[PDB]
Amino acid sequence: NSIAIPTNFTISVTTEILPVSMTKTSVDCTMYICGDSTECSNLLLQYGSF
Amino acid sequence: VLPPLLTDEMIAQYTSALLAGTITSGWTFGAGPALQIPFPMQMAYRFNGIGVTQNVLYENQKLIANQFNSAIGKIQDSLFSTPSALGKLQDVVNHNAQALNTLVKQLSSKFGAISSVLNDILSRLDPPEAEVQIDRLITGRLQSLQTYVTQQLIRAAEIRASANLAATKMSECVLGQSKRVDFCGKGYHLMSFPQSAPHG
Amino acid sequence: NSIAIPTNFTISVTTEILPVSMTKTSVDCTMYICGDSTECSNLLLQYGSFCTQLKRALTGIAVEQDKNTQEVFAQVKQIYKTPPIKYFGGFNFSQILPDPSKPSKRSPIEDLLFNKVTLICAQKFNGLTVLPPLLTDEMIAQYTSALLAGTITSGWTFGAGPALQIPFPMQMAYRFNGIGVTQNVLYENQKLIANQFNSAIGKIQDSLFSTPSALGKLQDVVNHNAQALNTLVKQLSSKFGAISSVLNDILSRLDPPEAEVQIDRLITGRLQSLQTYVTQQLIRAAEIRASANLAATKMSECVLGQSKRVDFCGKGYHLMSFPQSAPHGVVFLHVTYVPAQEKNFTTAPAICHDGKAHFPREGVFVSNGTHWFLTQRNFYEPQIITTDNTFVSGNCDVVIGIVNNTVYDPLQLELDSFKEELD
Amino acid sequence: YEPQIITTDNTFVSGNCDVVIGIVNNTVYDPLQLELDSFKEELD
Amino acid sequence: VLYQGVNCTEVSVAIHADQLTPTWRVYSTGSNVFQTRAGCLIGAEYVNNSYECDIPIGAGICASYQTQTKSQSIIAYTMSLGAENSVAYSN
Ligand SMILES: *[C@@H]1O[C@H](CO)[C@@H](O[C@@H]2O[C@H](CO)[C@@H](O[C@@H]3O[C@H](CO)[C@@H](O)[C@H](O)[C@@H]3O)[C@H](O)[C@H]2NC(C)=O)[C@H](O)[C@H]1NC(C)=O
Ligand SMILES: *[C@@H]1O[C@H](CO)[C@@H](O[C@@H]2O[C@H](CO)[C@@H](O[C@@H]3O[C@H](CO)[C@@H](O)[C@H](O)[C@@H]3O)[C@H](O)[C@H]2NC(C)=O)[C@H](O)[C@H]1NC(C)=O
Ligand SMILES: *[C@@H]1O[C@H](CO)[C@@H](O[C@@H]2O[C@H](CO)[C@@H](O[C@@H]3O[C@H](CO)[C@@H](O)[C@H](O)[C@@H]3O)[C@H](O)[C@H]2NC(C)=O)[C@H](O)[C@H]1NC(C)=O
Ligand SMILES: *[C@@H]1O[C@H](CO)[C@@H](O[C@@H]2O[C@H](CO)[C@@H](O)[C@H](O)[C@H]2NC(C)=O)[C@H](O)[C@H]1NC(C)=O
Ligand SMILES: *[C@@H]1O[C@H](CO)[C@@H](O[C@@H]2O[C@H](CO)[C@@H](O)[C@H](O)[C@H]2NC(C)=O)[C@H](O)[C@H]1NC(C)=O
Ligand SMILES: *[C@@H]1O[C@H](CO)[C@@H](O[C@@H]2O[C@H](CO)[C@@H](O)[C@H](O)[C@H]2NC(C)=O)[C@H](O)[C@H]1NC(C)=O
Ligand SMILES: *[C@@H]1O[C@H](CO)[C@@H](O)[C@H](O)[C@H]1NC(C)=O
Ligand SMILES: *[C@@H]1O[C@H](CO)[C@@H](O)[C@H](O)[C@H]1NC(C)=O
Ligand SMILES: *[C@@H]1O[C@H](CO)[C@@H](O)[C@H](O)[C@H]1NC(C)=O
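Protein chains in written order, with this note's numbering: chain A, 3 to 52; chain B, -12 to 187; chain C, 870 to 1292; chain D, 233 to 276; chain E, 136 to 226.
Honestly, the hints are just simulated from the structure, not real lab data. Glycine is no exception: its CB is placed at the ideal position from the N, C-alpha and C atoms. Please note that the accuracy of each hint is not assured.
[Claimed, not checked] Pairs of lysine-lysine residues, derived as DSS-like cross-links and limited to a Cα-Cα distance of at most 25 Å, are as follows: (1) B:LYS166 / C:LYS1225; (2) B:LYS97 / A:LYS26; (3) B:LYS49 / C:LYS1108; (4) A:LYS26 / B:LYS156; (5) B:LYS173 / C:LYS1177; (6) A:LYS26 / B:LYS49; (7) C:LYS1108 / B:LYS97; (8) D:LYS272 / C:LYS1288.
[Unchecked claim] Computed far set for chain B versus chain C, every beta-carbon distance over 10 Å: (9) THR2; (10) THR15; (11) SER110.
[Said to hold, decoys possible] Coverage of chain C stretches by chain E, computed from C-beta distances (three or more under 8 Å per stretch; other residues unrestricted): (12) 1000 to 1014; (13) 1045 to 1059.
Please model the entire structure based on the sequences and the hints provided.
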């Protein structure tokens, strides 16, 4: 038969941080793999549509 | 790096719209047309929401306002002082920067080829051996790209989960009042305010 | 001291579409990599148990899709049925309940949804097979029919335990109480509410029929799976440095000790293709699992009950929801209460009557310029401010913005009229 | 299930009987009128 | 045994011609060969009685080991979604 009742209060402001997005990147393989080379590009064509 | 469709100014404008709506109309703008209400009455109804009568707010209005203002000042001080306050967004940026750095650095690798520079291979050798060396390099670079794209897909799934959580928080904490414990802050949720941050 | 109080409302029905499952695929590597070749198979054995991993991953995805459908749709204990007399207080559910006429017992909206989205394995077969889902479309339709019958005939009680019958106007009156509007608002405007709901359902049918991109999510899932499989089959035509992409040409032309080199090049290429395909399928399956978990939560909280979560079960104050099946997904019709035609009023925190401050119990004090009334916040219904309508706490000197006005106590007036005179 | 006598304390009034569909005639027992009657109907 | 994605006629013709590759053969009684959308199911007796799903085969058909017609055999069946309940709705 014991209860604790509040008699005062506090207005507490807390912070939550949530990521929403990430840097958008675009990659051309033909430059990365075979930069400015026709020969390497023809070799890369044999690997299909990766 | 492609730019985001919404500039930081547009995100700030959306956040400003959300603050104006919640300040001037409470939950009614979330649920339909924005219906004006005096802010003390709005906070009295949020007090009723948590399970406290309106007269508690109206009799202690000045104390509540002072506590809120002091709390906002402490929020500013806490964000300013602690270096690791924004660790999540900086972690996302750091992970993307790492991934790209590793992807570029994999180009300097040979993967068994005589040289990592394609121009050296084409300048030194005839076709029927430059093809072998270039095929070794192609295999290495394709493996690097596949790994990078896979990590980006997994991290994008994680960020999509985080963004869905953020959208739910915006819907239930800002545009209304949530009875879900610890969802919209520690304690009995009164209200919430969104702020924009880089990528979050 | 200005407040806008609604004076009318709109019963708004919105649509949400959620993917639940994805096409189940099974892949034999020994056919894809080395189709009908013993030699290439022996070479493939040297790469270890990669095939076991691919088979296990695809089987896990396949079981997970059935699990997703089971979690979203099989939330009901008993297949409930609507009564023979399809009268529900003027609410016309004919466009969401099953149509007994057609060979498939699906509602008209379910037929539109299924028509919109588009044992010989004629296409893509190089060891790639499509396993059927454990629940046919008829079974999903039966589960959805059970959910509609349960929610129509018993409201939230079938979700929370045994299905307890209730007249539908009373159910909607209790949902009205749920959003914060009194029952008399519904009962006095029952015909208007029913007409608005029926018109909204008709607009849902028109909107789904007209817009080509209405069902973009499910079609996107189907398109992604179709792409993935097309790319997987098309990678077979690649050489990957080998003299030919056709294994039979390699075995017919060359002796073993060089056909092995060419076949090893091809094996490496095809193994890379399969690993990439399985990884994309795993990531997309994780995405679909998240979507299916969301759909299950929506079914639990919007259909089997009433949700106080803002924007979770539609835009506006959630009244109820209706599920509909669609190919590889679920379509929730969210019925919500939207306030409308707000009117301008002056307001005050409290009323000072006899040196004591009076606060509303359930409502807000408003003023039409000349008189003060108490009104429920989500609908304008002015009432005389009385001691039954308000509660007293403190004196008039504390509350900021307190306004003097008369608070009519009934008992004193009655006692006066009763026996002031005695003779 | 906990049946109670329908009283003015248990219910609230809004509108007349001609609007609600399916309204049923029944007695609503107001306590105060009954008490005042028993209290001083006679005065002597 | 479920031969996935194949008509039972094709499997039978393969068995009689000794073309089918897995050399083991499930004995066909002429009544335990059933056609499902998932494939040809050999070794399970289909029954009209509907039971809760035990071993999912697919396309609504499950299978279970049950004591049928006095001896226990693997039966196949269309799964039951649940017991019916007609709520006593009224005005
Ligand atoms: C409930 O708690 C609040 C605080 O959370 C109490 O209000 C606080 O009361 C103290 C003591 O009266 C105030 O301290 C004094 O404030 C002024 C500042 O200029 C100064 O004169 C003194 O040096 C002393 O520090 C304090 O400011 C005040 N806080 C606020 C926000 O107003 C309140 O009394 C408590 N109520 C009950 C019923 O216990
Ligand atoms: C609250 O809004 C509803 C509508 O959302 C109002 O009911 C609408 O009242 C108008 C005017 O009386 C009706 O228009 C008329 O309807 C008939 C159609 O046959 C025709 O005689 C007229 O040409 C005219 O168009 C409208 O139908 C009716 N809507 C519904 C769904 O019943 C209602 O009056 C508003 N209440 C308040 C207090 O403002
Ligand atoms: C509930 O609403 C539906 C509409 O969503 C009502 O369906 C109505 O059904 C009839 C056919 O049964 C539709 O065609 C009509 O049929 C006869 C043919 O002789 C003719 O009178 C008309 O020219 C028309 O072609 C009718 O269009 C359709 N209603 C609408 C608005 O499309 C259904 O009757 C409603 N149920 C209740 C209980 O109100
Ligand atoms: C504010 O509301 C009051 C009460 O509804 C209005 O006063 C009533 O006006 C009607 C007009 O037909 C009379 O029949 C009643 O006898 C009036 N009641 C009282 C208590 O005066 C008043 O006109 C309204 N004022 C405005 C500006 O809308
Ligand atoms: C409500 O009425 C009270 C009186 O019942 C007003 O209080 C008086 O205010 C005048 C202001 O000039 C003082 O001179 C009197 O001494 C006050 N009397 C009492 C008994 O307090 C009060 O101002 C009124 N409030 C409003 C908002 O009209
Ligand atoms: C409830 O009682 C009222 C009377 O107090 C009934 O209203 C009467 O209905 C009869 C029907 O034949 C009419 O002839 C009378 O003129 C009506 N009188 C009044 C004063 O309205 C009403 O029908 C009863 N309702 C129910 C459901 O029994
Ligand atoms: C309400 O009235 C005030 C003047 O009393 C006016 O300025 C305000 O614009 C009105 N509200 C609306 C929504 O028009
Ligand atoms: C199997 O073939 C027969 C004809 O030989 C055909 O009638 C039947 O529909 C086929 N089974 C399926 C499941 O299509
Ligand atoms: C409810 O009342 C209407 C009145 O038109 C009637 O048509 C309908 O059959 C009644 N419902 C039941 C279940 O008796």
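Hints, verified against the model:
1. Taking the CA atoms of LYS166 (chain B) and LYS1225 (chain C), the gap is near 33 Å; set against the 25 Å cutoff, the hint is violated.
2. Using a Cα cut-off of 25 Å, the hinted pair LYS97 (chain B) and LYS26 (chain A) is violated, with the two alpha carbons roughly 29 Å apart.
3. At roughly 78 Å between alpha-carbon atoms, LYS49 (chain B) and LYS1108 (chain C) are farther apart than 25 Å, so this suggested pair is violated.
4. Restraint check for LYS26 (chain A) and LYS156 (chain B): the C-alpha separation of about 24 Å stays at or below 25 Å, so the hint holds.
5. Under the criterion of a C-alpha separation no larger than 25 Å, the hint pairing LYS173 (chain B) with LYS1177 (chain C) is consistent with the structure, at around 19 Å.
6. Proximity of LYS26 (chain A) to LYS49 (chain B) is assessed by CA-CA distance (about 47 Å); at most 25 Å being required, the pair is judged violated.
7. For the proposed pair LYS1108 (chain C) and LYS97 (chain B), the alpha carbon gap of about 23 Å is at most 25 Å, so the pair holds.
8. Only pairs whose Cα atoms come within 25 Å are accepted, and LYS272 (chain D) paired with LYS1288 (chain C) is accepted, the gap being roughly 8 Å.
9. No beta-carbon of chain C is positioned within 10 Å of the beta-carbon of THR2 (chain B); the least distance is around 17 Å.
10. Remark: the non-interface label on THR15 (chain B) conflicts with the geometry, its nearest Cβ contact in chain C lying 7 Å away (cut-off 10 Å).
11. Every CB of chain C is more than 10 Å from the CB of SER110 (chain B) (nearest about 22 Å), matching its label as outside the interface.
12. Counting residues of the stretch 1000 to 1014 of chain C whose CB lies closer than 8 Å to any CB of chain E gives 10, so the stated coverage by that chain holds, three being the minimum.
13. Only residues whose C-beta sits within less than 8 Å of a C-beta in chain E count toward coverage, and the stretch 1045 to 1059 of chain C has 0 of them, not enough to reach three; the restraint is violated.
Hint check: violations occur at hints 1, 2, 3, 6, 10, 13; the rest are consistent with the structure.
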